[PDB]
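Next comes just one chain, in structure tokens: the form solved without its partner chain.
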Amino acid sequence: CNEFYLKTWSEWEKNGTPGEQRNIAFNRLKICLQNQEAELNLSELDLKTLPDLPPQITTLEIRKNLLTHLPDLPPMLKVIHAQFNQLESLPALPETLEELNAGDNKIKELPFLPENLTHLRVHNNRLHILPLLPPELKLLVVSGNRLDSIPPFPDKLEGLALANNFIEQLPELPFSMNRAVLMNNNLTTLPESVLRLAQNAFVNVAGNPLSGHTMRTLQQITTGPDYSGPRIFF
């Protein structure tokens, strides 16, 4: 096993531009594989490609590189930090994946989301639609894309950020949702379930073209003496 990986890594080490820290990476790969480590940290190495990855890892930390594509993902991966790259797409996501961070890339479409995904951060991509959201999702950050719609939210979603998109309608919001960053979209109305969120929940809808009727309808309720829903920031 070690010889196989070390051969392909040795070859890959020789094939980059001067600024790519391939030798540093090679040495981290070797240590990770030899020590049977759960995490591989190649962040901030200015890497333009990756070779085949150590098979045992559950955390892949590769943020702040120059990557355009990823090699096949280790089969039991749980966590990926791939934000600040130049990725045009993602590979198939392992069933074990819980946390996917790939903000600030060039991704046009996402793969299917695995069933146990809890955290998805893909802000500042090129997405015009999202996959369906899996049942245990807790965090969705998709600000700064080109979305014109969003799929239904799952029942224990904790945080939502979708600012700076083209979204025309929002689905109903679960009571678990404590933070909803909704600014700068094309919403004319809000779901009535906004009013039933926790009293101390954070809701920001600034920069949306909310109708007069929607403003009046929301304001009647938020300004009442018995109102127990969240402050809504306009």
Given for the second form:
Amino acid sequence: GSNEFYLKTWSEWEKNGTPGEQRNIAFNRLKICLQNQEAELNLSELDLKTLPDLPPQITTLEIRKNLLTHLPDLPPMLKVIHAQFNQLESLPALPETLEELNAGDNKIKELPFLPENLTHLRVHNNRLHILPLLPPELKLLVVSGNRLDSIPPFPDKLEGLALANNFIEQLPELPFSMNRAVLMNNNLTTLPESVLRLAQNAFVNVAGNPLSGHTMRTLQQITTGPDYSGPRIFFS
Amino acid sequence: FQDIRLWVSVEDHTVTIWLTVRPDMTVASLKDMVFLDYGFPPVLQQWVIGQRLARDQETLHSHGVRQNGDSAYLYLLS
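Next up, the form deposited with its partner chain bound, please; the one we just looked at was the form solved without its partner chain.
Expanding to the full complex; the earlier chain stays at the top.
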């Protein structure tokens, strides 16, 4: 009786697409997914312009490389969303179980609240001007190629950061957990002193920033010194 | 289709980075991965893997990349 609601909706949705949309293949996968109570729904690369109500038991939603502009409500056990290479203008409210969200190469203008269990956020090549407050378990933040004017404070387990090709004017202090920081092509004129305290194996790319003369001397007095044991910093 | 750990020496100043690659990856896809993860534009990346300058469409497998700890050198152009 629950299944009939879904089969009916998917049935109705299958007949209302444009002829490029591979709705028939999608309908069959949704069917197999619901009836086998499958963990992953894979509708990727099916030229879809909308999605219907989704099977409620899934933990992975694999919908990359479609033509979606919005998503339906996200099922409340989802752990991984691969939504990159669509035309999304926004995302719906994110489930509390969500751990990995990839929505790179979309048109997203703002993100919704980021839930507390999120560890990987990949939203490069969007239209973001601001980021939500970053949750405490975040390990990877990829936001390169947006329109970011500023970036929130970094939580203390963040290990990878990419924010290249934005408009950022100030960089918050970097946690020692950071091993990889792509800061290239922003509007920075100074760097936080914590950059020099990152691990010796850490990498920082700060090319394409208008770093001031005093910044350059301050840093290179340390990075060019003989006893320097901080990260490798690329300035150009 | 198993992950491979690739030891990469980057020279522009130097840095050693650890990449995780798949043997069917092309050099073009490798350049894209490194662009996003390190900020190096693909057009400026020059890859040397075993006496050869790697061309964009060649695979890592075709250049002998088969096991964890295999090496490649990355040179960054002006």
